[PDB]
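Here's a solo chain for you in structure tokens, the form deposited without the ligand.
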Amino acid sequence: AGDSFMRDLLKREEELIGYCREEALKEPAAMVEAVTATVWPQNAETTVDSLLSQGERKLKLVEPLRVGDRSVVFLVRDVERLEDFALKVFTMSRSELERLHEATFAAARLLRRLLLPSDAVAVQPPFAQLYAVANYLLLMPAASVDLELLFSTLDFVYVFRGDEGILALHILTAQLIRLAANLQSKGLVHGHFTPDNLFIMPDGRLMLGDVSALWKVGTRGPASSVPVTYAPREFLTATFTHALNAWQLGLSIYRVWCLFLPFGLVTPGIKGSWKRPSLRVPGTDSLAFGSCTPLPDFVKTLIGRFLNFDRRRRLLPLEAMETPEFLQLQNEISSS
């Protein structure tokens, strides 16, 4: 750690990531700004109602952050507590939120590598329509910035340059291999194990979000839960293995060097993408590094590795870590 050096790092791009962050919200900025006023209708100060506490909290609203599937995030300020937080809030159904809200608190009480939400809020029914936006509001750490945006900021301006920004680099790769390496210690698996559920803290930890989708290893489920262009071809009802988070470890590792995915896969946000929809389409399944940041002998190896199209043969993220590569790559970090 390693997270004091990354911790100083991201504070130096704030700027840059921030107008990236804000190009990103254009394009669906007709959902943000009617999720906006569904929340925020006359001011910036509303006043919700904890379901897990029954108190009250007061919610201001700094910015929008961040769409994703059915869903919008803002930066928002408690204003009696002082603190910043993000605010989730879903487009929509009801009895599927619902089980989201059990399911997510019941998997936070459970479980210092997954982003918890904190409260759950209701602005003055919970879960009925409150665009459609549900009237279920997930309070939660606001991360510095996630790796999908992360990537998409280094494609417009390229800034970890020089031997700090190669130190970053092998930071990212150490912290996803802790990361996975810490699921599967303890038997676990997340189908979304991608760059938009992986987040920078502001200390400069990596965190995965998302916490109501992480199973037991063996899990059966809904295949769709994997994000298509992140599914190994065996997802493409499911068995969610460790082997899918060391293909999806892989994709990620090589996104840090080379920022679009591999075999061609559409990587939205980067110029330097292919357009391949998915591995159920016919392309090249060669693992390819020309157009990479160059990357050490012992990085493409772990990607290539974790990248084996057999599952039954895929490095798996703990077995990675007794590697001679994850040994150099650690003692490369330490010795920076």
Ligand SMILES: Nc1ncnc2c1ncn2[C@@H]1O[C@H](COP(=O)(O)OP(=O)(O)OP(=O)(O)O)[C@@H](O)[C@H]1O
Contents of the next structure:
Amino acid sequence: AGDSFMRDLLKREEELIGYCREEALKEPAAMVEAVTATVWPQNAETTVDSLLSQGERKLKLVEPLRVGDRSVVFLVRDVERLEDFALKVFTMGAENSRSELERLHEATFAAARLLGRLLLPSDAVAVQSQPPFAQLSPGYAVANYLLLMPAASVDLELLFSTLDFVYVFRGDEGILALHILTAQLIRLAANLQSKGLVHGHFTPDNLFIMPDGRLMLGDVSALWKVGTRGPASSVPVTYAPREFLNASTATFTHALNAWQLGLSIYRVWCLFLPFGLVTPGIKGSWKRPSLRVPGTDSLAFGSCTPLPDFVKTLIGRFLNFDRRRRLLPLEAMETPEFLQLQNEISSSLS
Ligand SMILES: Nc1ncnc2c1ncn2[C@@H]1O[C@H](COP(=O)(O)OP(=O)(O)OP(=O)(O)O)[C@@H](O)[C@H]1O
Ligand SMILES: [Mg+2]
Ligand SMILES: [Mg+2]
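Can I have the other form now, the form solved in complex with the ligand, not the form deposited without the ligand?
What follows is the entire complex, opening with the chain shown before.
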């Protein structure tokens, strides 16, 4: 800890992060406004039934936090436990949304039971007097299925867009934070590997710095035992290596997460993705939709924050296009480069 530095950094920039979080809610403000009124049509405090206990809970809106591709996540206060929670609400664009959410619920909580570094939901609730999972009234269709979980301080996607939106002088502290986040990402991916696990989206919208400064991975339903076959489409296309883009069914391998780790470290230092891949929310991004389509396939560091050579080497080995020759995170931790990374950090923190 390490973690402590990041905890303190996040606290000191709480106001800048809040500003950028508010800024990111403007393009999708239509969506946000409609969903808020669906869940809190009256006065900010809604009673819901738990789908796990048929206990009740009383949830007060504090503020919207983030919009996703298929959801809005709010900060809420459980007024009987005096604790804040993130609450994720799902939109129902997909024709089979209701069945998809019932499966997601069953899968998520069966996996969470088994387990008890992963950010897990602790409850799922539904507005009273309307059936669970069905479109929630008063109707941007929203499902009557609201997922309660610990609130992250920031997801990495927001951290990157915060770094991109406002130039802020951070001096040596900022550079140290880039080293620490790099080390934290490598240690989290190595923890997956040591357990023979692979996550389908080790991606910045699912990597979270919690209030204690620790990095966590969300969405347990997208964990796989290594070597398992599953739908390639479950990997976001800009974070998929070519071996995933080329099949309907793919094998979930450690090489996937080495690739995804390489992309996130590249974003820590560069904010946009490499290889010209489209990176919404970041100014420097090019517009290539995936590695399926031709483009520039060499690594470019010219527009990044200046990177240590040992970081460039690590990124380059994680992003080897040959899945057989791609460096894995546990082996990365035994390389001279990772040792230089650790020692840079240790000597700056002393
Ligand atoms: N527990 C949480 N605390 C804080 N922010 C969260 C939490 N869970 C999710 N978020 C953020 O909310 C946004 C939307 O969530 P997420 O990206 O998981 O959903 P999505 O985009 O709708 O679905 P998917 O990512 O699986 O396609 C993201 O910025 C994410 O990091
Ligand atoms: Mg997302
Ligand atoms: Mg998610």
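Throughout, rigid core stands for the largest set of C-alpha atoms superposing within 1.5 Å between the two forms. Residue numbers count along the first chain shown, from 1.
Asker: Where among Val159, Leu169, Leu75, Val79 does the Cα move by 2 Å or more between these two forms after the core is superposed?
Answerer: That would be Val159.
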